[PDB]
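Participant: Each chain is listed here by its residues.
Number of protein chains: 4
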Amino acid sequence: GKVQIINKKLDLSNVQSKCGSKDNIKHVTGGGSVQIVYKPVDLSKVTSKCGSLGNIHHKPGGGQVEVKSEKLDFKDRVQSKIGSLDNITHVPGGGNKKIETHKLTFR
Amino acid sequence: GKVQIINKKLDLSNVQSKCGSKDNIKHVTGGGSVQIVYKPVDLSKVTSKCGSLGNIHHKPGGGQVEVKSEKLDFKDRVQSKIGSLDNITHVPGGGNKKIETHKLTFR
Amino acid sequence: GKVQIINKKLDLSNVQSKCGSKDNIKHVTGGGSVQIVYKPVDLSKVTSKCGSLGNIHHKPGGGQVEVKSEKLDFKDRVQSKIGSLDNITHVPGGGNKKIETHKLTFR
Amino acid sequence: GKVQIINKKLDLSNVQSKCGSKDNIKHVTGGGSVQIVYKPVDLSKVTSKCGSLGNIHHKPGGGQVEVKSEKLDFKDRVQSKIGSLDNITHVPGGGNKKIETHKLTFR
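Chains as they are written, first to last, in the deposited numbering: chain C, 273 to 379; chain A, 273 to 379; chain B, 273 to 379; chain D, 273 to 379.
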């Protein structure tokens, strides 16, 4: 006779909580210019096979992102006023619980 | 006789909570110009096969993104006023729970 | 005799909650110009096969996105006023629960 | 005799909640000009096969998107007023639950 609980599990399991606030580029003040380039991706492919006495000129006018600001003139005040700023993050949650029970009762 | 609970699971399982606030480029103040380029993607392909005494000129006028601001003139005040700013994130939730029970009762 | 519970599962399972607020480019103030280019995608293909004494000029007038602002003149005030700003995120939910029971009762 | 519960499932299953607020380009104030280019896609194809002493000029007048603002003049005030702004997100829901039971009762 055999009365068994057998656990031969292969457990590559993931349990994850991400709770609260995640801010990128918050509260950026510029008197003249604010320039932001966020996560540009370039996956361009260029192939150039040149034969005998051949000529290839790969000369695009610019790259992926070009941002330009010029000739800004301010005569009077440039000002920012904030009376109060509160950045509150309260995380009572984000709890992980993993339970595994094996109970064998024999009579 | 055999009375068995057998667990031979292959557990590559994912449990995940993402709870609360995620802000990118929040509260950006510029007196003259705000320029934002967000996640441009370039997957362009160029192929240039040039034969004998051939000529290829690949010369596009610009790249993917060109942003330009010029000749801005302000005589009087340039101002921003905020009386109060509250950024509140409350996360009581986002809880993960994983339970696994094996119960064998024999008479 | 065999009385069995057998679990030979292949569990590549995904359980995920995404709860709350996600803001991109919120509250952007510009006195002169605001220029935003959001997620441009370029999947253009160019093929240029040039024969003997041939000539190819691939010269498009510009790339994908061109944004331009020029010659803006302000004599009097340029102003923004906000009395109060509240950004509140409350996430009591977003809970994940995964339960797996094996119960064998023998008489 | 065989009394069995057999679970040989191949579980590549997806359970996901996305609950709350998702804002892109919210609350953008520009004194002169606001220029927004949102998710332009270019899948253009150009093929140029040039023979002996041939000539190809691929010269389109511009690329996909061209946005231009020029010569704006403001004599008096340019102003924005908001008395109060509330951005409230409340997510009590967005809960995922996955239950799997195996019950074998033998007499």
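Take the hints with a grain of salt, since some may be wrong.
All copies of an identical chain are treated as equivalent in the list; a pair is satisfied when it fits inside any one copy or across any two copies.
[Said to hold, decoys possible] Simulated crosslink set (DSS-like; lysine-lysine; CA at most 25 angstroms straight-line):
1) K375 with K280
2) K369 with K290
3) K311 with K340
4) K317 with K353
5) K343 with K281
6) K370 with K340
7) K369 with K294
8) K290 with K353
9) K321 with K294
10) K281 with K369
11) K321 with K375
12) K311 with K321
13) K317 with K331
14) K375 with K274
15) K375 with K281
Honestly, the hints are just simulated from the structure, not real lab data.
Participant: For each hint, tell me whether it holds in the structure or not.
Facilitator: Taking the hints in turn, this is what the structure says about them:
no., hint, verdict
1, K375 with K280, "both (16 angstroms within a copy, 16 angstroms between copies)"
2, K369 with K290, "both (14 angstroms within a copy, 14 angstroms between copies)"
3, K311 with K340, "both (18 angstroms within a copy, 18 angstroms between copies)"
4, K317 with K353, "neither (48 angstroms within a copy, 48 angstroms between copies)"
5, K343 with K281, "neither (68 angstroms within a copy, 67 angstroms between copies)"
6, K370 with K340, "neither (54 angstroms within a copy, 52 angstroms between copies)"
7, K369 with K294, "both (24 angstroms within a copy, 24 angstroms between copies)"
8, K290 with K353, "neither (34 angstroms within a copy, 34 angstroms between copies)"
9, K321 with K294, "neither (48 angstroms within a copy, 47 angstroms between copies)"
10, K281 with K369, "both (19 angstroms within a copy, 19 angstroms between copies)"
11, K321 with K375, "neither (71 angstroms within a copy, 69 angstroms between copies)"
12, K311 with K321, "neither (32 angstroms within a copy, 32 angstroms between copies)"
13, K317 with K331, "both (14 angstroms within a copy, 14 angstroms between copies)"
14, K375 with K274, "both (15 angstroms within a copy, 15 angstroms between copies)"
15, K375 with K281, "both (17 angstroms within a copy, 16 angstroms between copies)"
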